[PDB]
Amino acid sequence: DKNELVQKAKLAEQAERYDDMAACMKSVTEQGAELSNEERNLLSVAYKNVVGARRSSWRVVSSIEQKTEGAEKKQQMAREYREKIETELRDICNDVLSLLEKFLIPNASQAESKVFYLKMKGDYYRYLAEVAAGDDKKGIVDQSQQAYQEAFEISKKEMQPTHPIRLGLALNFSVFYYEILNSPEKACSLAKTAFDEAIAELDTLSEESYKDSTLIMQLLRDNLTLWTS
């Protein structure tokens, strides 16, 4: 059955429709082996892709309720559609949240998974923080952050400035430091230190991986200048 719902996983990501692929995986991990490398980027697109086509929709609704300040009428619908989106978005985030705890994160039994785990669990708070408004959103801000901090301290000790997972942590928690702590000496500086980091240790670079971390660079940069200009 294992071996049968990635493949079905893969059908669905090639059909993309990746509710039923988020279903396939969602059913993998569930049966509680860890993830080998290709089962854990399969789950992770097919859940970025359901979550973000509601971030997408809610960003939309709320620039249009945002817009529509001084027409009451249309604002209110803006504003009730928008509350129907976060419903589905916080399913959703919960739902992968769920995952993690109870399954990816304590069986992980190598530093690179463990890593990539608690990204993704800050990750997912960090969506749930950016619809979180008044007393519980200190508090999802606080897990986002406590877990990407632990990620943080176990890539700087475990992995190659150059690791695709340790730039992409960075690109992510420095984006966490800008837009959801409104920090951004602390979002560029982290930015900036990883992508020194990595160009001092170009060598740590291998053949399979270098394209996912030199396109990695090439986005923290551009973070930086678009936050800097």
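Numbering follows the first chain given and starts at 1. In this text, rigid core is short for the largest set of C-alphas that superpose within 1.5 Å between two forms. First, how it differs from the form deposited in another entry.
When both forms sit on the same rigid core, the CA shifts between the two forms reach 2 angstroms or more only at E72 out of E153, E83, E72, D142.
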Contents of the next structure:
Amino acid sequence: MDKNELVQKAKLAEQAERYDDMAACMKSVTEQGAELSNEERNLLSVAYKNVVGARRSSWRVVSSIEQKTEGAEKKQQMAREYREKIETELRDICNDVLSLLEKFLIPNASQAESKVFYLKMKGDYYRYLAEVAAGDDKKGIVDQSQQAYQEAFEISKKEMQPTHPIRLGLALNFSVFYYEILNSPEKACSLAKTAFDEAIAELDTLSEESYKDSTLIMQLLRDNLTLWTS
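For comparison with the form deposited in one PDB entry, please write out the form deposited in another entry.
Only a single chain is listed, so you will not see partners or other molecules.
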């Protein structure tokens, strides 16, 4: 129950690819109430990204099998029930992250960078809920994702330089929300193109600590652009 010890256990878990352990450690760190440092923020992000990503991946495989099984009642009933089991796991995970974001991380974010990071995370995890929502709940979840992104977007355009890795990543995921969730390729493309072009024009502003993430995100922006236009 010491902060630095739980963080070290978290990086041990990460090296062992035991991401449930790593996520449980940094939930414990977050629950101690203090604002997270950049390192702890990153370990909380990587942990839960891996925990939720396995379920997302499993969900897509089982969903596709249950789509292709339309004529065999007993097999479709089993694929459906398994997909819903994975779905419940995925929702509990997102709801876990989103609870930490509202109870601890967003209200404690002192500086714009922290605030934009946690609002990006809030949009990301509602987006994962949107990927699996249907009907009644889907409308409200999609809007929650959108409103989180938009606040992060506005704050980042006013306070962060265009090569800041968080601003770029926010643009990258927000564009994907417009493409895949809101079905608006126009806005997705323009929002990614703008972010790439304003970054490309100021590469003298890259620091050694952040140029690797910034240039990777830029490449991903352009790859999304190449995919969406063809």
